[PDB]
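Colleague: Please work from the sequences and hints to get the whole structure.
Protein chains: 2
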Amino acid sequence: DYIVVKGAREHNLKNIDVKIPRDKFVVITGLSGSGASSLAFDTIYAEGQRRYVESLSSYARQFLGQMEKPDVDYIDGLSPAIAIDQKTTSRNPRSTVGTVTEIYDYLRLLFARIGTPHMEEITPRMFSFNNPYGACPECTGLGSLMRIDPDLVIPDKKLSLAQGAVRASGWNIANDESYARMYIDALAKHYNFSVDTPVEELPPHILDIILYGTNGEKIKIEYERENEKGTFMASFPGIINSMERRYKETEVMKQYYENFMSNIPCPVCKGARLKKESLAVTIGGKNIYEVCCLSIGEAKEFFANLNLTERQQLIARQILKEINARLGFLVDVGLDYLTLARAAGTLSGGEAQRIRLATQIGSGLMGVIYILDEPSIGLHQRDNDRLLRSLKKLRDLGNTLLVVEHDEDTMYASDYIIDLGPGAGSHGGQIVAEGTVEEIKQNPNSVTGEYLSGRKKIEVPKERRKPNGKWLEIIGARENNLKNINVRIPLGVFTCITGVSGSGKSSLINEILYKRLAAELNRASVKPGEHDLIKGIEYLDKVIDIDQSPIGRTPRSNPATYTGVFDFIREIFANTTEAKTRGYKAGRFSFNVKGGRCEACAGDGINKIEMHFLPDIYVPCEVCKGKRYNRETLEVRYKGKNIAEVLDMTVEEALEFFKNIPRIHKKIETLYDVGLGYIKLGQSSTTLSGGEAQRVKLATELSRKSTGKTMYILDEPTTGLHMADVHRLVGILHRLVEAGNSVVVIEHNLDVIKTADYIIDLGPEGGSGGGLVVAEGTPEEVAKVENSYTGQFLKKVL
Amino acid sequence: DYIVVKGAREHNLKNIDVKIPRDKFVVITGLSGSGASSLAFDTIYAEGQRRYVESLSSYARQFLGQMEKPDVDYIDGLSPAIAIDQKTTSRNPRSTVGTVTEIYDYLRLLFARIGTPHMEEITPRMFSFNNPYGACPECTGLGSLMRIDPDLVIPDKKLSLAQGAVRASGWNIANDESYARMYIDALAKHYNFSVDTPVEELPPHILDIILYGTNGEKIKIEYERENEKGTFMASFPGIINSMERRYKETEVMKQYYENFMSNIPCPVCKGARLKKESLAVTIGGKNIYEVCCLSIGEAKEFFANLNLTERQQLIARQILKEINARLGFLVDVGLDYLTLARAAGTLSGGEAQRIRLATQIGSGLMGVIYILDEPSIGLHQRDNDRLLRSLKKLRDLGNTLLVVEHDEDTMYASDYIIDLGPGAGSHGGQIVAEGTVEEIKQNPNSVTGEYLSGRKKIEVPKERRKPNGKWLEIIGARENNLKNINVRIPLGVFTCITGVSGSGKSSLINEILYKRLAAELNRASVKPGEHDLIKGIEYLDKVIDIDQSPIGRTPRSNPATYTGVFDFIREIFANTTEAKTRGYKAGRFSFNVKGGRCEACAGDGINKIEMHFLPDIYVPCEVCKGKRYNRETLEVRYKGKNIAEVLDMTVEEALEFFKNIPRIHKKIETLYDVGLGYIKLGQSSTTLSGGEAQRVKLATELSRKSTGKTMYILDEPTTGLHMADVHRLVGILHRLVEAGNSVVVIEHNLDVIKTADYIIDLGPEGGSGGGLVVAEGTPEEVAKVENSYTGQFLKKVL
DNA sequence: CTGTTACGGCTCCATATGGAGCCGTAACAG
DNA sequence: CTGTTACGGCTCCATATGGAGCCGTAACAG
Ligand SMILES: Nc1ncnc2c1ncn2[C@@H]1O[C@H](COP(=O)(O)OP(=O)(O)NP(=O)(O)O)[C@@H](O)[C@H]1O
Ligand SMILES: Nc1ncnc2c1ncn2[C@@H]1O[C@H](COP(=O)(O)OP(=O)(O)NP(=O)(O)O)[C@@H](O)[C@H]1O
Ligand SMILES: [Zn+2]
Ligand SMILES: [Zn+2]
Ligand SMILES: [Zn+2]
Ligand SMILES: [Zn+2]
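Those sequence lines, one after another, are chains A and B. If you're matching positions, the first sequence starts at 1 in this note's numbering and goes up one per residue. If you're matching positions, the second sequence starts at 799 in this note's numbering and goes up one per residue.
FYI, nobody ran anything at the bench for these hints, they're computed from the structure. For each residue, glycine too, the CB sits at the ideal point set by N, CA and C. Heads up, some of the hints might be wrong.
Claimed, not checked - Not everything, but these chain B residues come out facing chain A in the computed CB check (under 10 angstroms):
| no. | residue |
| --- | --- |
| 1 | 907 |
| 2 | 1165 |
| 3 | 1319 |
Modeller: This is the structure we're talking about:
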C-alpha cells in the first residue's frame, strides 16, 4: 500500500527516498524549478507508461515509439499511470465534445429506442455520423466542407504569374528550374497562352484550367535540368487540387494550408452532420441536432423535466440515468456553458483538461494512479469547492491522485503533502518536509509552511495609482459571445481583467486588442477580431506579449545571447592583452561563425552517431570534449577563467565575478531579480521550460530602456508558480508599471488581483449568458458591488 | 468488487449477464467455438484496452490505431487489461531473452559496481550494447552482420543475364520495359559489355561493378517508354546495395530478403555484442558474455554459490537479491534450459508466452486484470504444479486472472468457473452454469461437469495394433541439441512423440522429417535439417501437414468450395429442368466467373466506401442485398430453395436436405463428423479461426480416397480443444489409422497418449542435457520404465 | 557610449509492377 | 462415374527544395 521510490536521479534530484501512500490524495509542492514536477512526471508517469506499454503488444509499443527508462534504482508497487495536463491538438473534425465525453452514443441509443419518427427501421448505428448509413452524403459527415477561395489564391490579380501571384508555398514559379515553373511553361505552351498577360486580362477558361487542372486531359510535358532533358506524358491536376491532396495526405503545414482555406457550413444539412431523413425522429419536439446544440445546463434541465409513459421509463431507465449522471458530472466539473456540438479542436487548455477529467470520472476505471498538473488553473475561485468535490469523488472509487498544485485551498483538502526545496535547481531537489497540513505548518524549515502559517504574506497596498487622463477605448466588441460592449482601459496603471470562467475576457483580449495593436504598430499580418473602433492608438509605441512559448527551436540559442550580455562579455574577452597580441576579434569568441568554433562538431558541441536498427543517438564530441571551442580560443583567459568557464557559470556566480563591470552587472542583476539565479549562461533553449522562458522574457523587457509608451499583455502569468514566485512576479510587474508603462494581465489569483490598480470585470455568467461588463474601477470600489462574485471575494480578502 | 457485464452481443453471445468476482482465479470454459474465448478477448480485453488508450495521449491513440468498441451495453468496474496469448514476432536483433526479462540491466549494474577490471572509468551505461560507448564498432552492437552470399545471387552462373540469373525478386530483367532492364542496358553501354557473355566468362571487375554499383561514379542513363523518352544522370547503387537498403528501410518481404542472406557472426567480438575492452571486467573469473551464455539453472546456481566480501555484499545486496528472485521466477515458470544470449526471434509461442508471464510476475504491476489463453499448452504434465504455483503467486500480489483453459488440473485449483454451452456456434452462447468446482460437478446440465465427475471418459483400448514390418529410420540426427541419435518410427500405426519440454522432439520432427519428406515427394524447395540418412522413403506416396494456419487470405474461398462439394452442388443445380430450358451451364452458378455473379459488387458481395478523414468502411451491397448473385441466377430453384439459401445453410440442415444424393451426403457427413455442424457453407475463410481451419483440413483428408501410403504429421492438434473435442479428434485419428495410413502426433495430453499405438520418448531433460531417446514401444511397455516421467505418469493413468 | 534599423548568414522542419495462393476447367487414365 | 494433373484466370500484399526564426554585423542618430 506504499509506492516506495528509492534512488531517484532524474534531472536535479538529490537521490531522494520517498514513500507515497497509496489510494489517497497526495499533493506535491515546490518552487518553480525545484524538481517536484520532474519527480512526478519524468519518474512515476514515465515508469508506469513504459511498464504498461512493454506489457502490451510489441507492435503497439513500436507504434507509440521508444520511451527511455528513468534514472531510478527501483520502484515498488506501481499501477498504470494516466497523465492529465494542459495539452491540445487539432485531432480530427469527426471528434466533438459529445463523442469525447461518451454521451453522443447514449443520445443515439435513446433516440433509436424511444424516439418517434414523423423507410428503413430505426437503428442505433443510423444516428451516428461516422457510418455511411447516417452520414450526410454531400458533406460526408464532416458538416463543413473545406475549400480555398479564389481570392486568396492570388493577392493581386493585376500582377503577372511571375510577379508573385502564387502566395501559397510549394507552388511558386520564382525559381526558373522549379517543377512548378516547368509545369506552368508546359501549360502555357499547350494552351498557346503567354505569361505576359495577367489573370485580369486572361480568359476565365484559361484561369480555370490552370487552377483545377486539365480535367483528365493528357498532354506532352518537357522537363529540363542542369544536364538532363526529356519528355513525359501526364495530366495536370491543378494547384488547388494538388494543395487539397497534400492537405488530405498528412501541424505547421496543416495550419499553413488552412490559412488559405475558409471553411463554410454544408448547405444540405446546415451543419447537422447527418442525413435529412435521420433528423425526422424527434423527442419532445426536438431532434438530435437541436439537443446537441443546447448548452449542458439547459440540456440537463430539459432531460430532468422530460416526461414519459410507463413503458418508455421501463425501456429507457438505464440510458436516462447514465446521461443524467454524466451531465451532472460535467456541470460539477465547471463546464456548464459548453455546447455538445462544439468542435473539440477549438478548445483551450483548461477546458480540454477539465473535459478529460470528467471523462475519466465517468469511465469508472479502478486501480489506476492518476497524475494531475494544477487542475485549478484557468478556473475562477468560486468553483474551487466544486472541483475539490469532483476530485474527491474521482479518488473515492478506488484511485489515487498525485496532484501537483500550489493553490492555498487545495492544501487544506489533501491527505498528504510532499514538499521539495529549499530553493530551485542545484539548490533544491531534497524532501525538506512531508506529512499532513498541520505538520507542514508546524515545520519551520518548510517553505510552504511559512506562507501557510502567515509568517510571510503579500501586503495589500495602501495608496493606489490613478489614471492620468490617457485612456484606451474599445467600441463594438462583438467577437464570439460578447454582447457589443464598450470597455475603457486606463494607461500607465496596472490593469487586471477578471471574470467568471468562459465570460469572453480571453477572447476580447487576444482576438481583438493584441491583434489590432500588432497590426497597427508592429506592422504584422494577422486577422483582427470583430470590433467597431479602437481609440488611443496614438498613445502607444509598440506592444509586447509575454507567454510561456519556447524562446528558441535550436540549440544555438542560450539566455546569455538572448538577453544580449554575450556581446558585452565577448567585447571584454577580445579587449584583453592576449587577444590584442594575437590580433583576434570579438567575433572569434562565439560558436556561430567559422574561426572560433570547434571544427569536428561545427560549433554545436554534439556529434551524431547512427545505428542499423535504432534511432540516431547523440553523443558529446570527443575532439573538443563538449567545450564548443578549439584549443586556440580556450587558450586565452580573463581573470583566471576562459570562455567555456564563463559559459558554464551560474547567474549568482557570474554576478559575483563581474562586480567591477557595470554594463554587465546591470543585466546580470536584472536576470537575478526575476529569480533565475540557478540557471547557467550556457543552457540550451530547447531544454528551457515555460516558466524559465517567461522569466527570461521578463528580464529582457526589464533590461530595455523604457520610453514610457510600451504596452505589455500577459495571459495568466501565474500558471505554475508558487506563492513566493507570485510575490516576485507582483514586484516585477509593479516595477514595470512604475517605469512608466502599462500592463494588462488576465489573472484569477486573488493575490495578484488585490494588488491591481484597475479591475475590469466581465460577467455575470459564462457562455452566451455572459459577455457583458459588471463592475469597473479600483478594487475597493469593486468590492462594494453586491452582485459580483469577484467583489464579494475581494471584500472577504480585504 | 464485481466486473458486471450486462447485454453482451459480440459474435454469437445470447445477451448474457455475468458477474465475475474481482481479485480471484476465474477460469472460463467451453467447447471449441462456444463463445467463451470471444466473450473474454473481444469484450473485456477490448473494452479495457480501448478505455486505457482513450485515457492516454491522442497521438499515441492514433499511432496504435482505431479500436472498435464492443457491442456491449455497459461494463462496471473494469481495470486495464493485459492479454497474454500465443503470439510471436521477428522484433529486432537488439532484443534478447535477457533484456526482455529485464535481467541484463541488473547484470550490467552488478558488473559496473562490483566487477573488477584487468582507460575510462567503469560505468553502468558502458556495458549495454544499445549505446555507442560499449557497442562493438565493427558489428555496431548486433553481433552478427547480415550479408548475401554471391552464390545465392545467381543460381546458375553459366546462364546469361536474361536467361534467369536474377532469382531475387524486384531486380529481374525479364520485362523489356522494366527499370531493372533499363539500368542493366545502361550499365552494359557504359562498360561496353554485351549481354551474351555470361558471368562465367565475364571479367570479375564487371560483375563486381554490377553487384556493388559504380561506387559513386556518375554516368548518363537513358530511359524509354511507350511514348516517353529522355536522359538523366545517376549513380548505380548495385543490386546488393539496393536490396540491403530496401531491407533496412522496412514480414513477408523481410523473410524473402533474409532467404537470400546468410547471417554470420562478427569476427571482431565473436558474437559478444560488445567492445573488446568492455569484456576485460570479470567477476569470479567470468565476463559478462560467459555469464549470459550460461543456462538459467546453472547461472542461478553460480550466483547462489558466489562468495563476496562484506563491502561487496553491502554494496550489491539489492542487485543480487533481485537477480536471484528473477531467476527463481524464471525457473519456477518452467524455462530452466534457456540461455540469456538466445535471440528473442527464435522462440516458439509457448516459450514466448511463458517468458512474458515471468516478466509480468517480475514487474509487479498492481490492480491490473490479466487475461490468459491456455498457459498450460506446450508444457509437460509434470510442470503443471509449478505453473499453478506461479499463477497463484502472480494473482496474490493484487491481480485477477481470466484464464481460458480446459485442463483438468486447472479446474481443481481455480476459485470460480464459468461454463458456456451447451453446444457451439448458434447452439451455444449461454451461461449454462457457474460456481466452484463442487457446484459444477453437482450440476447435471453442465457440459464440463459430466466429464469432471466421470460420467463420460475416454476408455483405454484393450487391443493395440502392431507394426507390419515397414519401418522408417532416421540416422545421424544432429540438428540443434540432438546428440546424434537414431529413431525408428513404425508405419501403419498411430505414433505419438512425447518428452520433457524442450527436449528437441519438435525440432527433430519439423526441421528434419517433414522437410525431407516434402523435398523428396512433394517436390518442394525447403532447406532440410542436419541429418545423415533416412530409410523408408519408398514406402510413402505423399506427406500432408495439418496445422492451424488459415486456409484462405481472401473472402472468395469458403468451406463449401474448399472441400469440393460446391462442384457437385452446382452440377445438380445446372441439371434441373429450368437450367436446361434456359441453356445455362454449371459454371454460371458460381461467384468467381463473369455471367452469374453480381455486377455491382463483382461477386464479392461487399462494396467499399471511403471517407475524408476515416479508413475505408465496408458496406453490404445494395443492388444484390449481399446475395452475391443477380436476379436471373436466383430465379432458378431446386426443391424450394435457390443457391443463396443453400449457401446460407448450416451443415446439419444441409445433411437433412441432401439425404437422397449420396455423392454429397458422404462429404457432408464427413464435415459433420469433425464437429463442424454449426458453421454454414458460405462463411468466409478470413473469419475462420484456427480450430475451424484444422477441422476443415481433417475433413478434407478424410474425404479423399485412401491409398494406404499417406503420412500425416500433426503438431499438437489439441491446442484449444475441450475434452469432448479431444475425444472426437481421437476417434477421427483412429479412423484415419484404420483406413491404412500412419499418423505422427507430437502430443502432451495424457488422454491422447494413453490411446497411442507407438510412443517415442525424448529426454531425460531439456536443453543441452537432453536430445536423447529414453524409452520406445507400446505405452504398456513404456509405463514399466522407472527412469521416465512419461512412463511414471502412464503407470497411474493406466 | 548606447540604442535602433537594416542586411547577410545559418539552421531545422515540412512536403506503379511483381509474386504467392486459390478457383475453375480441359484432358486423361482407372 | 471418379480421381489426378496441367493450364489459365483472378486477387491481395509488398517495395530533393522551400520557408520561418535567430544570430552576427554594418550603418546611423542621440
Ligand atoms: N472557436 C470558438 N467558436 C465558438 N465559440 C467560441 C470559440 N472559442 C470560444 N468561444 C466562446 O467564447 C466563450 C469565451 O471564451 P474564452 O474567452 O476563451 O474563455 P475563458 O474566459 O478564457 N475561459 P477559461 O478557460 O475558463 O478561463 C466560450 O465560453 C465560448 O462560448
Ligand atoms: N533457433 C534455435 N537456435 C538454437 N537453439 C535452438 C533453436 N531453436 C531451438 N533450439 C534448441 O532446441 C531445443 C529444443 O527445441 P524444440 O524442439 O523446439 O522444443 P519443444 O519440444 O517444442 N519445447 P516446448 O515448446 O516446451 O514444447 C531448445 O530447448 C533449444 O535449446
Ligand atoms: Zn451536409
Ligand atoms: Zn567538437
Ligand atoms: Zn563485433
Ligand atoms: Zn452486388
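Colleague: Does each hint fit the structure? Answer for all of them.
Modeller: Hints and how they fare:
For residue 907 (chain B), the shortest C-beta to C-beta distance to chain A is roughly 9 angstroms, which falls under 10 angstroms, so the interface hint holds. At its closest, the beta carbon of residue 1165 (chain B) sits 2 angstroms from a beta carbon of chain A; the interface hint therefore holds under the 10 angstroms criterion. For residue 1319 (chain B), the interface hint is violated, the least distance from its beta-carbon to any beta-carbon of chain A being 38 angstroms, above 10 angstroms.
When held up to the earlier numbered hints, the structure conflicts with hint 3 and nothing else.
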